[PDB]
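One chain is shown next in structure tokens, namely the form deposited without the ligand.
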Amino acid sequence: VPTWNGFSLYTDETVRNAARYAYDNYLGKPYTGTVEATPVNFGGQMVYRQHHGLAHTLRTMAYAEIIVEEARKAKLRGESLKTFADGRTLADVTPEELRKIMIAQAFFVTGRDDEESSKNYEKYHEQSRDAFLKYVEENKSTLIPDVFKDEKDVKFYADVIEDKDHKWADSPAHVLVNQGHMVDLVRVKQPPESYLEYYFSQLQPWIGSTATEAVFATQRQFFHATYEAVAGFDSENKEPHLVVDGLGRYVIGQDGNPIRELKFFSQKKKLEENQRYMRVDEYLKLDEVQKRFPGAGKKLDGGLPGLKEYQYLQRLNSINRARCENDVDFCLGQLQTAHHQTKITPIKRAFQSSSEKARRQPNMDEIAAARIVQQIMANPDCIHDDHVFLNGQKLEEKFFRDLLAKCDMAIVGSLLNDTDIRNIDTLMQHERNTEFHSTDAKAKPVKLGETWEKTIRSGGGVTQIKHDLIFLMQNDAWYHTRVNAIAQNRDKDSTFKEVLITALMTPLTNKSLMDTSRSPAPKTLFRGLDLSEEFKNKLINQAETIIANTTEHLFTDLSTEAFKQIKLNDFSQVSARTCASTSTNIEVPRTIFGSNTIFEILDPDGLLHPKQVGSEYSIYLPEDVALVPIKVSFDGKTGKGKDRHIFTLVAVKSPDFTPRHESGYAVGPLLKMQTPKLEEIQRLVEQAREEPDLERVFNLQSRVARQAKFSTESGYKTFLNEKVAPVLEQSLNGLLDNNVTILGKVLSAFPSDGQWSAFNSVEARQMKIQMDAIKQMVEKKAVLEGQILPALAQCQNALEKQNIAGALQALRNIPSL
């Protein structure tokens, strides 16, 4: 199954011109015959060939395209398709070949003089053949050798148009033209079930059941797009079955068994006593029919969903019907829109739908990670070379990589403020000489902060800073190449600071984008990548597998297999985790950057939220949006002679695409940073463990004993012996045993200021001062070990019992000594 070159009925000018010439010189002209020569009028515009005209012709061409498309899918799914003489299959049809088919299809009905299909078949097809050759001859210089290879080639496609011997299974050419003509024959004729089953069974051997359901489902959409009525389907319908081949009937005899010789009966032939034409419901139930037709037990609604009879009938009588029959560019534009929708509809069908187009609200870790980023931005002093040290906690390379991979950094950026944006400059000043290395190894290291201040920043308020951050990531490859690789976890030999900067800048860049972007989101963006031959080939294979398992259906929904294959082959991560640069102009990645890989990202449901850059836009992929492939084309070669492919991707949002991360990664380290130092308390326990100053007590004991005894004043000597000395000996023992009971009692025994003031001697006064110091000494230990320390212990105890009102009580109600 070769890779398609992107050839399309809706973009090829050669085929489009063959459809004009056909319309312009036949087809748009009045019938010269008798049968239905009378024109019909739609919305005031006339149609000369309502039936076999332009809209019919263009649809046959459109059928051939999708029949080939579906065959290539069935082949890739492992299905065996009907082979020709040379062993080829409809899937082997080439772009060049298909173009020659459509050109011939454009003339397959030009040679009609009226609407007689019971005679003149030979003459009309001879005229169509002449009309086609006349076109080829007129544009001889153009069509050969580029379209047709020689006159023998032209003769071949003229032979298919003439249809002398009805060899409708000779070649892909004969089949596509015959099948394309027959698919348009499913309209409203009753009973609809007999017609549908017949034409279904004609196409089925060539491309398979899954592909045949897709064609007739798409055919109904092409009818809506070109304003033709669409029939309903009822497997339980009680009408008599219509044997399409010959317009006959099958009959039920009295054995109650379908008459078989199965036996064809003419609508004229008379039936016996107990004979009755088999009904369609009986026909759809036959083991042979159910085996080739999945219509049994199923139902389809006619018309358009949302429209009622009178509304649907008014639509059919619109001028747009006439425009489809008269305007080539219009009828092709209708089909193109319908064809494109059949690629998207089955995808949306296979996944849980959502009504929210916005990013979800922050989770707990995104909130925590936002707090951490804000703190780092405020304290760039916390930035080292191996790590970040912030509030008694160490954050290393692993932490910031986990943030880059688990957090939606657009959501984190929505939690940041203009203070954080202003603090970018100061981070940059702190990292003035931090070297950033481009992923291109030839490149010389660039000083981060210095380059920021010297060539990018330009003063101003916060909005200017945002523009300069967006400017840096847009225009400085030494910066963005490293950042993108670290964000997507595909980097080699990155410094911790390169990783940290990425983790800090990515949410801040998203904020800067959301705050500055003004324009409404474009719905078609282009992205350029340069991939290895090995990696691109993987993506090509994953895309083709997904496309092959995404098909429209009539009766058999294969959404479960589309789900399975998409989750197996999804490569959305290639455009995720970073501020990905895109353009509305395909020539930016294609011609300027010369990329071998081009993503045509389609976002018709507005799910990507692209922010304008400084035609550049920036994409930060939401966690639950997948970029599902619908088309893979070979686009020729780049400047360096490498193959170039375009991946057309459609944005689809679903809870099914949501990743499951285990939480805690950002909340954890945040909690540990809120941990209180409590240095006052740690200083209370060190003071409560200080040894008492006993030498001070001894010194005064000695001083008292020296004057206890060397003075002839009797009152002073007694005072020292009965009032001073015992208190000191009592205080010494108290501080030595650390006995609270003895300390708190000696407090009252300390003589008053007035008892000391009785002696106005020099030594008595100095002793007073030293006695006061000891008293303070004794008191601070009596209150600590006696009042305060017990209270704290009582407080703590009520806290581990969760008696909060009791913990406060232990501090409020302190018993006195």
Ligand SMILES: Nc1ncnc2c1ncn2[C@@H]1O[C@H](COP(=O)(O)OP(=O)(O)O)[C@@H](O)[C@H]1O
Contents of the next structure:
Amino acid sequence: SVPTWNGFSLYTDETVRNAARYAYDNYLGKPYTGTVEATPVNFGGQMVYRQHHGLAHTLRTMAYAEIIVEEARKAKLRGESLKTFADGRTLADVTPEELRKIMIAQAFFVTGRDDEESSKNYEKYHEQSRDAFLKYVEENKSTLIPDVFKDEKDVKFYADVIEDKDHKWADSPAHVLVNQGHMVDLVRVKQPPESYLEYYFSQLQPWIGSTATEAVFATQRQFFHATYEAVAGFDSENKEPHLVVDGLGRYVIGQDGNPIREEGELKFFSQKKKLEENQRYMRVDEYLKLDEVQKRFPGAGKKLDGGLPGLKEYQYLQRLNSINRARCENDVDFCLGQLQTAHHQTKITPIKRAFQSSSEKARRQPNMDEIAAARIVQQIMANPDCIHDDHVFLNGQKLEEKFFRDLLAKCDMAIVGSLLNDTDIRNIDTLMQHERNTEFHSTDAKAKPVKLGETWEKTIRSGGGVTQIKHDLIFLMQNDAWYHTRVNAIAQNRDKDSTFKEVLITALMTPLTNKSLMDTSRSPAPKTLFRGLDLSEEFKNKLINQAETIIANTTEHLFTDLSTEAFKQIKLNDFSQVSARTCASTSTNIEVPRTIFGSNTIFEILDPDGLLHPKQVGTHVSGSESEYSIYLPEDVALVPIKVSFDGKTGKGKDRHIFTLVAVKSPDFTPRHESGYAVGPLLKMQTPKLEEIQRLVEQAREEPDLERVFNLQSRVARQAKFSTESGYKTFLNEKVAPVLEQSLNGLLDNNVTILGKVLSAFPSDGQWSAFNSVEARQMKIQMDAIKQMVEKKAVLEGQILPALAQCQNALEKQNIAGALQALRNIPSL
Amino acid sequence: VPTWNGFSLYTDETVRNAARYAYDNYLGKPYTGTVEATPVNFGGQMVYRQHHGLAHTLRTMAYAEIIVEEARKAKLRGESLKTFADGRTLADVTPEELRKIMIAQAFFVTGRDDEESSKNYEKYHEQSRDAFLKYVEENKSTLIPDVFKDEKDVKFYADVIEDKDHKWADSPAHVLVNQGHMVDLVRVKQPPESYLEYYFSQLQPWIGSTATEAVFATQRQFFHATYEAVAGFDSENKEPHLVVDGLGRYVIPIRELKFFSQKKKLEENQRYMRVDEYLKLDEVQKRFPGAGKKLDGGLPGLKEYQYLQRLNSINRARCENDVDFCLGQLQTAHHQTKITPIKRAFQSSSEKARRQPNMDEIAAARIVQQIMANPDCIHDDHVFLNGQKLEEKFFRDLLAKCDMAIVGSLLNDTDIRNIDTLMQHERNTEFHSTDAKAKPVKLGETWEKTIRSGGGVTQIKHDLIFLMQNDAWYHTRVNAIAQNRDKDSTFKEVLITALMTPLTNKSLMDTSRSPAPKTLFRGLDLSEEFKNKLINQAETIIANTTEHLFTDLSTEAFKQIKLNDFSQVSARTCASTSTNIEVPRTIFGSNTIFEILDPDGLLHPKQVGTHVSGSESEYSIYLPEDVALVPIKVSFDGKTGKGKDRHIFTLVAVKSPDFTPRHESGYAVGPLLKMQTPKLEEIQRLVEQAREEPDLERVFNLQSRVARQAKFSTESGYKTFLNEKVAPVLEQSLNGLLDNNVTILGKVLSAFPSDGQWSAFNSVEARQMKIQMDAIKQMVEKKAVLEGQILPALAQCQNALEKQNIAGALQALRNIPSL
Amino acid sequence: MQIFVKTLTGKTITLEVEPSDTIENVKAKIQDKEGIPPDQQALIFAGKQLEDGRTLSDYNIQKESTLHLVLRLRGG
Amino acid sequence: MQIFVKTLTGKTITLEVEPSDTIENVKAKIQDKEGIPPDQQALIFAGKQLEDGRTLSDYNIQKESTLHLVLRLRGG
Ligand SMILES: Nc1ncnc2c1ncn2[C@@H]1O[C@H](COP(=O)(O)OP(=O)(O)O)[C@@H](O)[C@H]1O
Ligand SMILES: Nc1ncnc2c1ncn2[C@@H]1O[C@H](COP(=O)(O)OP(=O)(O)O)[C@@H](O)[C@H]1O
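Which structure goes with the form solved in complex with the ligand, now that we have seen the form deposited without the ligand?
Full assembly next; the chain just shown is listed first.
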């Protein structure tokens, strides 16, 4: 039941600015022709003629009116009942046209001042102000009417507000805004601060609400800071006598501890009325502790620091005397810029206040699963043959579609891209060759399928080195919708009926595109990007409700911190994921999303803290898309601060602009389960220990005992007949024992008998004593048997036990003993 | 050809009684005539009639015995033998008929009053006939009702003795009596070649040439047996040949062959034919194999002075005067002529003992010892030893291809002790007798409760032997399986047989002390079909086993023995035998009896149990692989209790490489080699440990701790220390474990802070983290040492091993480079 | 038939064309009139990019329709 | 009913018993009449050994049948 705003701002509307220029050039900037405080003042060398009631004051009143209407709208949206005027309207019902008229009036509210003089002369000063307003309208009748003011009845209405003939400060929204906007500027010069703050708070609060009113006065101190005006503190324990502002009087506390009340109702007292002994004025703290005051003023018990945080009184003071005070009091565009920046900041500080703070602006370091993901990507790219229509098969591991989608959802693919290298970028060409005939389907179901690798080879790729591949890949992202529609949809997990190779290519090309962007973009990061979306009316309206809920529960405060509810509503209504998970395309020129593509939805993404790290896409010649790409960090949220109706598209649908501020916080970090990528990588790296397999297969070989026994038969019949000097004796006495020993040793399996029977074999010199033919063959067979025993006595006796010792020394985590096991091997 | 009944000249009482009577009444009395009535003296004992006395007569009887024998064999070999008028051949002589013939032969020479040749032949044969009839009448009671059917029979044999019409070929009686007398003439001839050819020509038609060689060879052995001189034989003798029919000569060659009386002096340049010229004639060679051959006189191994000093020994006079003694000599000679051809037909063996073990027997012994040592390897279907499954075929192969006695010699007393534990493992193993009616018996329980009797290893051996000997539910199955003739046997029965056969052989071998007997008797109850097969095989072997003079038929004996050998019927198991033929014949009523003769000690029988009076006198034979039980005689021995025919096969053990069987090595060595194969469990745990995934989760937890502490900390050197000394080593380590790069891992160890760099800060979380930083330091140190030092060294070792560079293989493990 | 391609600089180019004209030919005409090489030309209509090889009538672009031209080049 | 068990020594022992007698009992009688312990007794009939616990009726041993007894001892 609350209408959507159209983007009318004090800081962008030309008409109001023109009215403020007129007021300054005509009255504000001119010296006081009167007496009281007509003496001009100088700030850093520049003259300010009107200092308390000049340009800055007027512009601040206009800013007050803007934020009062804003906060009224938010409070009504929160369900708050607001004080109605006679026609049933609340301040929430103020139209932007009406606010423009009201602000134009606010410009002239003080023009008719001839000096600072106060109560005397009040009519005149307003009368002259009225004339100043009327004159302006007449001089610009061509423009104001009716475009702004409709009819002379309207002009006399607002002029009648300026005149203030009958002090009817609550007849209309215009009266409340002009008069209370003027009143809202009087806090600074009005000791004691607490009494005044409570008064004005009590005057505004019924119209917009306590939450809204806290927002107003907080924003006001921020405007004072913005316009180099002093900001007082606030002590609920101030002992200075309370001042009853309506009548500049006092309340009294008598002989007893009782405040003098009436028949209750506090008895008013004049200041100059000298009264009884042991009768005393009521103190500020006593006033602020009264039940009736606490029920309507949250300042009880609270303290506010004066001045600026981070500056001591000499710095604050030398700032108040800075020349920028005179530019605020003399330069309409400058004071408006100060107020615009302050007003904008009060839309961010509450958001950052509702969440954990973040000191670092850069993407986090890679984690386990991102590093593993990067490796798996590099390996798929190095060996595209692993890519099957249903799965990727790498190092004995099967990676199915869900794996790559999990990569898309759980990894910061920009970080993964940061972990890639130029050889993988080079391998894109090879991958594309492997996927020459892989059909890629646009999300436009009418458009035809496109062959990925063939289109790459024949139309996108343009030769050259890695940098040109990066610009080609980016150009594919920027130019070919059959590619980026599918890719974006898959990365954001909103795709319908996608092929496996589309998911895989999405999973590979997102980090590869991020590396391409990161490596090739040199542009300075912009702080205002525009994103165009063509959404359904139903979904856009959902976004409008979410955003307006978030905005309405994001307020500044003085005493009552509603951060918890901002947290709740932002977490319920966050739609950052609409711009997450993929290389979202943006531009610095809002006319690309608005005019070129006719989008019905525009995200005005503000990155004042440099958290989005956008990269330049393509060329930025005049007439280009001015495109930058953002891969949203996992802990950065696009929190809406403003929703504007922006008119109609070419197709006649309504167009809205959501202004989003990037806010980084651990609260936005998502909870993911480690291992989605590390697992398969570790299994891919489990070693093939073929060398040990062949070692054990070698230790499992059977000796040929048949050959040894038959060899004893050979030595026997050899020895039956003796033909050579020392052959047969030798056979009987030197060979047959080693054959019996070996056969037995082998037969037995003992390794000590084998180890020393190795020592028992004859030397080659003892055989060289015989040069017979059967002697030579005999020595060759004896060499074969010595090998057969050497294998067993070395393996079973030396190697295998040393490996057992090594293994046991490893299960005990005594590595020094494990290497001792292989190094300290006794001989046989 | 009918089966003989075991009638022998050397066992039949009637023939011996008749010979006693003849000696007693005639042959021992002196010549009342002139020619050579002068007695002769041998070693102090007097022989009155030396050329035609008792020894001559007994030899004639033995001649008829072997003439009928060799004729039977020749008919069985298929030779056509000369028929009498009624179509009968000499093979057709029944044992009753032979008894009558020999009985007559006793008296064929009794009626001699001197040595006179030609004059007074008729009178001497009249007197011989009268002496015979006198004998028959004196004992008429005994034998007419038995041996001679009536007085017509007695007049028949008396008519042969009288020899009225020199009808020397009317009947078997005439041929055997007359030619048997003729054979004994081969002692005093001049010269031996002409006479031997003549008598050979006389005998040959009736029985055949092979048979006739057997007869005269056996005759020379009877001569040696009876201390009669044995002449030589020279086919190149130059003495003039004498024509035996008519004591004449042939001259050159003048034929019509032209006979010449000795006294016909003839022409110039005309000469009597030489004996060698006679032996070279085609017609003579066609009928006499003595061409080209020479025979040594006397005894081999005795020179003429020892041989001569033997011919004058008293045993000549004992032979001419002691019926039982001369018959014993001829019996031993007759028996030996049945053996010498067999050992002559095969390669001889110098060693009498079993061969040494071969590789598969050695392996088999090892496998047996390991099974006995761990009976848990025994499952109802198989044996599972050191990761190897040995099924029924393995143990049957052991039983059929291994000499289980040799395997037993390779077992020891610890295996004997392990018999008891094996029986415990098989406490409830059912054992089935081959009698399917008998109940099954629990193996180990029967062992523990009724067989086993405590004591030491020797008593275990006697218990096992007692088992084999006593419990038929055991030894029927065991024997049947060992001989590969079992039906429906369980695997544990085959296994128990396979383990118990060698263990029983060790038990017997170790426990037997008796001297080995040389005559054992084995009982078998065979089918009529199988027994008849054995009868045919044996009779074939016997028919092709003959003595020889000139023509050596060893090759055919070899051939027929290897074709008809049935030694395997007594092979492959611990076959039960007895020294008392009444154990297999009378106690068990076997229809088949093997009279196993081991005169050369080749069977190695072991004593089973006790040999008290009334015992089974049992010995056990495990047939050696190269010993054959060669039949020399098959006798019908009557009927059993069940009325089946009973035969006795007399078998002589012969050892020869020719009887060795050809087996293929490896049936047992293989599985044993599989058993020495290592499992190498420690190495399996090394590779399973080198395949462990690193615990990166701990690394991340530690990175989180370092993060949350270094982002928030008021300390300066603890925050700078954490963000500058700790977090880098954690990031690098996480990457090295993720990428497995051993180069980064080796050097990040030096990057870890010291315990002193951590000790500068006594915070709680500093210690709590230092414990984790040390745990990760252990992690990466462990990983970089395996992949960086150990596994590469194991690769170098293996590669140096498949290359047969053992020294470099040990260098691979000893020479480990550091990092 | 005449159409107007509006650019980001504010210029409005008018093109005399036939509905059978292909997007390559329209890019050629914009080239002749302005000097913009067709490889730098991205033409959008109703928020949709026009494909080369397809024609004006394929995209329902009719009399006095307005297309949009943006320069889209590779980097470097 | 009477049966005759002959031994290897030639002695013939006669035992008059009834078919319900077990061979264990027959062995006992052979002991009483001659003094031969049943642990030394091996009883054979028709070439079949008799096992203790079974009775004559199980083995078809009938009128005037002759069984054979041999002494069977362990060695040592
Ligand atoms: N309670 C109030 N409600 C609305 N407007 C007020 C109220 N009090 C003061 N104002 C505004 O302040 C103006 C007077 O300002 P000024 O004369 O500069 O200050 P002072 O009130 O101290 O004399 C009035 O014209 C009126 O518009
Ligand atoms: N061809 C023959 N067949 C059968 N018997 C024969 C033959 N030649 C000789 N004999 C036997 O030899 C016997 C002669 O022996 P004997 O008179 O003692 O010696 P000698 O022949 O020197 O006179 C005869 O009784 C006869 O039976």
